[PDB]
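**Q** Given these sequences and hints, build the entire structure.
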Amino acid sequence: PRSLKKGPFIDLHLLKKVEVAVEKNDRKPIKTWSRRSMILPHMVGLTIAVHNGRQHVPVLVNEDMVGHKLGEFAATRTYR
Amino acid sequence: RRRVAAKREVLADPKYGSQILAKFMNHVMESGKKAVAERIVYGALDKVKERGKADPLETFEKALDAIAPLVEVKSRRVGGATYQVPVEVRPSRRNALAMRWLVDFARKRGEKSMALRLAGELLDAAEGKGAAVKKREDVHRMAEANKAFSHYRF
Amino acid sequence: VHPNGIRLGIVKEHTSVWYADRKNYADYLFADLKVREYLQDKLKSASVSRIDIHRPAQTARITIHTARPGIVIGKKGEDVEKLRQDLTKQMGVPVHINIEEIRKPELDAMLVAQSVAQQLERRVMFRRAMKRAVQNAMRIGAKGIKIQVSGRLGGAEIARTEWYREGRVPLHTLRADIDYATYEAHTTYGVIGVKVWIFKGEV
Amino acid sequence: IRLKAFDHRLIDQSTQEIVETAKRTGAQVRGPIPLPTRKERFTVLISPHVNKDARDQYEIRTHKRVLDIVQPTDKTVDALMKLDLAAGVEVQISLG
Amino acid sequence: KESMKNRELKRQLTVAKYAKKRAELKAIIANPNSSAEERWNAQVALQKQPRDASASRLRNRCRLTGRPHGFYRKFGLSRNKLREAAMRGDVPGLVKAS
Amino acid sequence: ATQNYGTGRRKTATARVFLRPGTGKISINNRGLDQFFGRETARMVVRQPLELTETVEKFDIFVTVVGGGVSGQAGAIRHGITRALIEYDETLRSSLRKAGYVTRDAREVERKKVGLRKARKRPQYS
RNA sequence: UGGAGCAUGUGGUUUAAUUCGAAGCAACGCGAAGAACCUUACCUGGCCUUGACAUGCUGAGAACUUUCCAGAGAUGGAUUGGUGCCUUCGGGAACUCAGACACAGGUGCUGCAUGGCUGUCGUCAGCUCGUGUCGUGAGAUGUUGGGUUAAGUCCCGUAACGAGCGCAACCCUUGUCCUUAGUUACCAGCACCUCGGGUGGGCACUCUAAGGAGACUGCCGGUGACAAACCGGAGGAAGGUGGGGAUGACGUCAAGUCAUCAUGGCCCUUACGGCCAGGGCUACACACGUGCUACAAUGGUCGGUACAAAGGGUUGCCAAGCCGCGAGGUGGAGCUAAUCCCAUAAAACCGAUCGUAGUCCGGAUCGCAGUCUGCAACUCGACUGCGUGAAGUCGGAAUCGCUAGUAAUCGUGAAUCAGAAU
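Residue numbers (this note's numbering), protein chains in the order written: chain R, 1 to 80; chain X, 81 to 234; chain W, 235 to 437; chain H, 438 to 533; chain C, 534 to 631; chain Z, 632 to 757.
Since the hints were derived computationally from the structure, they do not count as laboratory data.
From the three backbone atoms N, C-alpha and C, an ideal C-beta is built for every residue, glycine too.
Mixed in with the good hints there might be a few duds.
As the list claims (entries may be wrong) - Result set (SDA-like, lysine to any residue): computed pairs, CA atoms no more than 20 Å apart in a straight line:
(1) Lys744(Z) x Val235(W)
(2) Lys257(W) x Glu527(H)
(3) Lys629(C) x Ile412(W)
(4) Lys519(H) x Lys257(W)
(5) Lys554(C) x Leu12(R)
(6) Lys743(Z) x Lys519(H)
(7) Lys729(Z) x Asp93(X)
(8) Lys246(W) x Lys257(W)
(9) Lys310(W) x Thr297(W)
(10) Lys6(R) x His42(R)
(11) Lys749(Z) x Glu527(H)
(12) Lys752(Z) x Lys729(Z)
(13) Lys476(H) x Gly669(Z)
(14) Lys246(W) x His445(H)
(15) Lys629(C) x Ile244(W)
(16) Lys559(C) x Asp11(R)
(17) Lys103(X) x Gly669(Z)
As the list claims (entries may be wrong) - Only some residues are given here: those of chain Z computed to face chain X with a beta carbon under 7 Å:
(18) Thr672
(19) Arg674
(20) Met675
(21) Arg678
(22) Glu682
(23) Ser702
Said to hold, decoys possible - Selected chain C positions facing chain W (Cβ under 8 Å, derived; list incomplete):
(24) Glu535
(25) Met537
(26) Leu542
(27) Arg596
(28) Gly603
(29) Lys607
(30) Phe608
(31) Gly609
(32) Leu610
(33) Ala619
(34) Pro625
(35) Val628
(36) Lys629
**A** As structure tokens, this is what we get:
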């Protein structure tokens with residue numbers, strides 16, 4: 001499945017401290033409490049560290065992103 | 081260990097009316113369907129005689145004239161070495177390898193058409209210069225040391 | 235394989251005979267469960283031999299098959315309406331209550347099974363009244379009682395298969411009607427489920 | 438008259454109490470038309486400690502019956518409709 | 534656990550706490566006649582309106598005993614029940630035949 | 632007349648025998664024998680009783696069988712060929728046993744046992 | 001089985017937090033017959049001082065609305081209204097939460113003082129008992145012998161005589177026979193028809209049987225002690241044996257859970273009563289329980305045949321779909337199914353041109369990108385269009401394993417009432 005039926009990402013309990021960060025300068029991250037905290041494709045250039053429980057990860061958000069969840073920055077299996 | 085086995089083959093057909101080729105639909109219907117097998121089962125009967133002059137059964141009746149061994153090789157031991165017992169058996173026993181051995185050894189030839197493949201050596205049963213009449217006399221040859229194996233210690 | 239489920243038919247009948255839809259086959263199989271556990275942990279007196287939960291026209295039908303009518307029916311039915319309130323609220327539908335008689339009660343499986351394990355808490359020998367489980371309950375009526383007793387029996391690792399045979403019980407049967415009542419209890423140490431094979435006549 | 442009930446022994450002994458019981462009152466009820474066994478196959482597991490070999494097997498049914506009052510005036514099929522039930526039949530009727 | 538059956542059984546009311554704004558706003562979702570300006574009002578529907586609104590987090594067991602396998606589409610009961618139920622008679626219609 | 636009810640069955644049928652005197656005319660499924668059957672080897676196998684009893688010129692035969700598949704009911708034309716005929720007479724009475732065409736067989740797919748795979752075929756082991 | 005087509009199926013591999021499980025080709029049918037807000041196998045952000053829940057003493061306000069606010073994240077509280085309730089007009093109550101004593105929580109240990117209606121007999125009629133006898137006794141006889149049988153059904157003999165427990169009969173259980181049988185199927189009587197049957201009539205040239213005589217030691221001839229048996233026989237398109245086992249007939253191998261209901265020598269006890277948990281199980285370095293698919297030839301890439309199709313179906317299945325190469329999301333005839341939604345099908349005819357090959361059978365990391373659950377698919381999903389990136393060679397050492405419908409290649413319709421159980 002997972003076709004492009006559900007197009008835009010308007011989710012008010014997950015919107016209201018990521019889109020509001022345009023007016024405020026970039027000196028701090030967007031702090032995440034899901035394995036699935038996706039945001040809009042209008043907000044490339046931010047920091048989302050994958051919530052799973054004990055330390056945060058290097059996420060290099062660069063200019064070209066379209067597809068899927070954040071299970072690649074902090075991977076599912078982490079090779080312990 | 082009494083044998084309660086009862087043999088009774090049905091020998092009658094609405095197409096050929098044969099004897100030992102009428103009820104043979106078992107290995108020519110190769111686990112699938114009869115629709116595709118019907119042109120392969122009785123399609124070879126009129127393909128063995130369609131290349132020669134005589135009828136299909138003419139060279140089909142002479143299969144047990146050069147493909148039936150005159151001995152047996154069932155093993156048995158008494159207190160030394162295993163000795164088999166070879167002797168003139170009943171027709172049925174001797175004439176079982178005089179068709180199926182000639183028939184099943186046709187996959188190592190395989191020319192055009194599946195039905196020709198089945199009929200590949202059915203016309204060979206007359207002169208016996210094929211492969212089915214090569215193991216017939218071979219059986220006899222392996223009985224020199226087994227010649228006296230029947231009464232004493234057997 | 236278990237028989238009594240085979241003789242749902244040629245020998246015996248059912249307990250929950252109510253019709254609903256196939257989707258509604260579960261909707262009256264809610265409240266067939268809060269009333270049946272009430273007759274055991276409260277009414278050890280006036281012992282129940284069978285619980286039939288029927289749902290006739292507009293209320294219900296549960297017949298508490300007791301062996302003692304004087305305790306339940308007292309002073310023109312003062313305790314009869316007591317079971318009307320403690321049951322029909324937790325059960326979905328209300329019940330009209332009717333009481334029958336099981337005169338000569340010494341031949342049924344549940345009527346005896348609740349009268350064996352209750353004597354085993356009072357430091358009684360586990361082999362004396364079990365002979366007289368059959369000697370005192372076979373004078374009039376039935377034809378024989380086998381009793382398997384495997385279990386606990388005063389010691390720790392006992393696999394003793396007691397063999398209280400006085401008469402005849404066949405156990406592969408459908409015409410020779412088997413009853414089977416394994417009620418459990420807890421004595422001074424250990425669990426006792428009393429194994430019962432009371433067997434009346436055929437036909 | 439179309440029905441929905443349990444088994445082979447309580448709907449056939451309740452449509453004995455439909456045909457004759459509404460024929461004596463003046464009109465006519467036709468004969469019982471057969472509608473057979475409901476063939477539904479099940480699977481369980483009956484072992485104490487788990488043994489996928491050790492299954493068992495079950496089945497359950499529902500009978501229907503087609504009766505038809507020819508000239509519809511039989512009130513017995515609706516007045517003595519509770520007479521058709523004894524403990525666990527819930528009768529469906531069809532007046533016509 | 535005394536509080537495992539007690540902490541999940543209460544979803545009979547909490548998942549259906551609104552249950553009407555959820556029933557009205559799960560039928561228009563299968564209709565594309567809603568406009569592109571209406572790709573945001575169809576997404577102020579149900580969630581932070583407190584999150585006992587997803588039906589994905591509910592599960593059944595037996596009625597008295599508590600077991601998730603053995604449940605068929607005709608009961609509230611389980612597989613260690615059905616051997617102990619009809620043999621005393623708790624299950625209607627369940628006879629043994631061919 | 633000869634306007635009678637016979638039957639012929641193999642693999643769950645309930646048949647129609649619309650038979651009378653004629654000349655060996657054979658028919659099935661509101662059609663003839665050479666309409667649904669043909670280009671297959673079981674055609675003259677039912678002529679083997681029809682040649683045994685010389686009835687290929689003295690009866691007009693309409694026996695219908697349905698169900699199963701294509702050729703699994705080859706034996707059902709075989710089933711009731713003389714079931715419409717030993718009702719007519721006992722002329723071929725003690726001469727038909729050698730044919731052997733009536734036995735409604737139970738070497739079939741009966742109840743399917745659990746634990747095994749199939750009819751009496753068993754799973755794989757050592 | 002085979003240098004090998006590198007699945008947690010346990011033993012060899014990769015942590016900075018790790019809880020118990022078999023002891024053989026009975027070692028992936030070893031607690032429980034399912035870890036979706038952790039009040040779980042101490043990472044735990046984190047906080048207890050009465051309490052969701054089990055609990056007594058006490059309450060404003062019964063209650064809820066507690067939508068929304070910090071929340072990129074339970075809830076207290078703004079909580080917008082309500083004062084609720086029986087009235088000898090005294091008094092009383094439940095609860096979002098809330099304060100003091102005690103607690104529920106084992107969410108480690110452990111089948112060796114605690115399992116009951118079995119995880120291993122080939123389907124052996126074999127394992128025992130009461131009384132009697134013999135022996136100083138432990139014992140033995142019964143249960144041995146002669147014959148016969150799948151079989152203590154047996155039969156004949158015998159210091160034993162009985163019995164506990166059988167296929168039979170009570171356990172896959174009615175073409176075979178059937179009174180009566182089809183209110184709306186359709187067309188044997190028929191007219192008809194679009195020869196798909198609109199529609200009477202179809203109970204007779206019939207449409208899915210509830211349940212009921214059913215199959216035998218029955219007879220004849222010999223063999224056998226004639227006796228249990230063992231061979232030969234009818235009827236007549238069927239006449240001799242066709243155990244279909246969850247309280248095994250019962251007898252069997254220190255060994256799986258102080259764990260689904262249970263049940264002990266130590267433990268947490270401001271805690272595994274707090275919970276919104278700041279992420280830390282496959283380096284391939286291989287064996288192996290190996291158990292479809294083929295060996296290029298019956299050759300290599302399609303949209304098509306005489307043609308599956310009924311039920312569950314009051315928060316469901318989701319037509320002929322307009323969308324189509326192939327996608328049947330706005331439609332909706334079957335909406336309580338003798339309709340139908342997956343509604344399309346069935347290895348065949350003589351299947352194209354060139355006739356028999358590790359390749360014109362081959363695509364793993366690079367499917368980007370596409371108006372469908374719905375407040376939640378920003379470098380990974382079916383969506384099979386085949387440009388591309390392979391390895392299939394008579395199966396030998398020796399080993400799973402077949403005496404008859406058997407060794408043997410076309411799919412599952414349905415929910416705690418929202419359609420990927422190899």
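**Q** Verify the proposed pairing of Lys257(W) with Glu527(H), using a straight-line Cα cut of 20 Å.
**A** 15 Å, holds
**Q** Per the CB criterion, is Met675(Z) less than 7 Å away from chain X?
**A** 2 Å, holds
**Q** For the pair supplied as a hint, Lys559(C) and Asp11(R), confirm whether the alpha-carbon distance does not exceed 20 Å.
**A** 16 Å, holds
**Q** Tell me if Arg596(C) is really an interface residue toward chain W, meaning its C-beta lies closer than 8 Å to one of theirs.
**A** 6 Å, holds
**Q** For the hint on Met537(C), does the least C-beta distance to chain W fall short of 8 Å?
**A** 20 Å, violated
**Q** Measure nothing beyond the straight line between the CA atoms of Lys629(C) and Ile412(W); if it is 20 Å or shorter, mark the hint as holding.
**A** Cα-Cα ~17 Å, so holds.
**Q** Mind checking the CB of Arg674(Z) against every CB in chain X and telling me if the closest is under 7 Å?
**A** 6 Å, holds
**Q** Should the interface hint for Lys607(C) be scored as holding, given a Cβ-Cβ cut-off of 8 Å against chain W?
**A** 5 Å, holds
**Q** Check whether the Cα positions of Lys744(Z) and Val235(W) lie no farther apart than 20 Å.
**A** 15 Å, holds
**Q** Go through the hint on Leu542(C) and say holds or violated, using the shortest Cβ distance to chain W against 8 Å.
**A** Violated. Min distance 14 Å.
**Q** Does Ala619(C) pass the interface hint, meaning its C-beta sits closer than 8 Å to a C-beta of chain W?
**A** Constraint on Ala619(C) satisfied, holds at 6 Å.
**Q** A closest beta-carbon separation below 8 Å is what the hint needs, so does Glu535(C) meet it against chain W?
**A** 18 Å, violated
Checked against the numbered hints above, the structure breaks hints 4, 6, 8, 11, 12, 13, 22, 24, 25, 26 and 28 and satisfies the rest.
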